[PDB]
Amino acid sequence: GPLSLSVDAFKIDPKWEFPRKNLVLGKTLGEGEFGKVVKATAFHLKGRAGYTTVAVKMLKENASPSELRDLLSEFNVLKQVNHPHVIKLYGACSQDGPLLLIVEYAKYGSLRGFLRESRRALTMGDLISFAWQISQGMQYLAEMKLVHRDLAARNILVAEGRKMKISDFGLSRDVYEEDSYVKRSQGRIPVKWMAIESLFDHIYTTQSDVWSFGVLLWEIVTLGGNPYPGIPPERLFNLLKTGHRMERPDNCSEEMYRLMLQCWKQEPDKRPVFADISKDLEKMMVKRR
């Protein structure tokens, strides 16, 4: 079937193969979508003499076919994209042991954990700078005809210099032909981040990510808050279609909240595009000086 053909295709791309003897695994940083993330160090990686610190994405115990397929999908997307605000890929280990992906290591970890451990001194301007970088990256992925589908604070990484990096591409899909990706079965993205049409019609486009980007903005202004607090995920069906959205979060400007509301418009065509979301954030920072 489909997965057995992909796996065999892998065992056959030398520019990405890395010897296993030069890889040393370390502590478990956390549990990913299709497995576990591990801190490691690589010797003579990509012509970089000496050891280099890196992160390894691998399958955990009792991996299912969907998790294996998701690991192969992320490897196929990362080796195509290149942008300062998207996690960089270095290689993979496919022979003489389990399947490993070698990616960039981010000092400060995920954006959610970085924010929940702050009040760290962070101003409103730095919060706007973070969102701007994320829009610069999503603007680049959309131009490559890709839908992330799982855009949230936990899927963003914070590297040296507080530079955002979009990560976790396991659920990403290509949409060059139809401009949309449709899933017949039930998806595996958290409900509270999904667009209304994605939740009801299983349609995923570049405008569905705009919805998720509005929830991500809500997470940032609330410094790692949980969306729709105190609402069972099974109730969002009747709440969203009736026209209800999250209320004004404290420590938020009327312009920031208005930008969120526009990302949550029922009609996808009425929602803004990433190119315009950047201009809005851009002017929100030049005025507060």
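Whichever C-alpha set is largest while still superposing within 1.5 Å between the two forms counts as the rigid core. Residue numbers count along the first chain shown, from 1. What changes on going to the form deposited in another entry:
If you fit the rigid core between the two forms, you'll see the Cα of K183 move by 2 angstroms or more. With the core superposed, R48 shows a C-alpha displacement of at least 2 Å between the two forms.
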Second form
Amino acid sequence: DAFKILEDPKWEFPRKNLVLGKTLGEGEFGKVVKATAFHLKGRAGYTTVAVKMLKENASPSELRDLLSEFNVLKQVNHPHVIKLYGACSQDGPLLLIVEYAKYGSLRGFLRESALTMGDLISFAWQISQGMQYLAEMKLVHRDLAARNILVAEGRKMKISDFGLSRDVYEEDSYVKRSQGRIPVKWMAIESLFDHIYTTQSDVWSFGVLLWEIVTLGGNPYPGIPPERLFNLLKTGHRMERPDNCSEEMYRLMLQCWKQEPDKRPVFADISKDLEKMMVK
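Okay, that is the form deposited in one PDB entry; can I get the form deposited in another entry now?
Chain alone follows, minus partners and molecules.
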């Protein structure tokens, strides 16, 4: 119980066909290494992939997050969402075989910088299309931030880290909830006092994501203690306008940071707004 993983034959991949390589990163998310998979999703040769696994000092909750990420990735499929290829759940450790984003996370990619404002609007546009798809799939991401986005080949955005995702309507009789695992500076105001996470709350997190992009990986609300952030946001105060940001771009951030969730735009409208900035 809770430790035995069900073997889904649709996603199970042989362990001998997987060649693990150098570590791409490790932390409070698991262990991710570069790898190669022969005869994957059909056949014909090898494929460069990435493999996520548990750390040597993993806790049972980190296994819950890895299984939750495994479960959500089975259902989603979008060009701007990270793609699950397979898994190794039997006769050894649990390995998730997904895509490979060589430019790494978005926050790391932005801080490494030759990017014009045209690419930044494109990056926000691609993420807005992925969230559009995830909203239509009745999924709440909750942990929408720059360090959770992956920059893949072609500098294309891939939404990742579904370990804390939830359905719009809870389809289980008894779900035991993790509490306070979302970074405060990205939580919507209704999530701060009422523990409410909806699609409109992901729009709030998308506004903070816009700020991270236009500042090329900036730290939102610099120096402000997270304890005073709630009393500050409750009085209608928001972030000031960054440097590299047009008047139309900063207006989109404030709409995502409206007090009433009903007053915030939807991702279908945000995609049409960001596309117009590419045209003009």
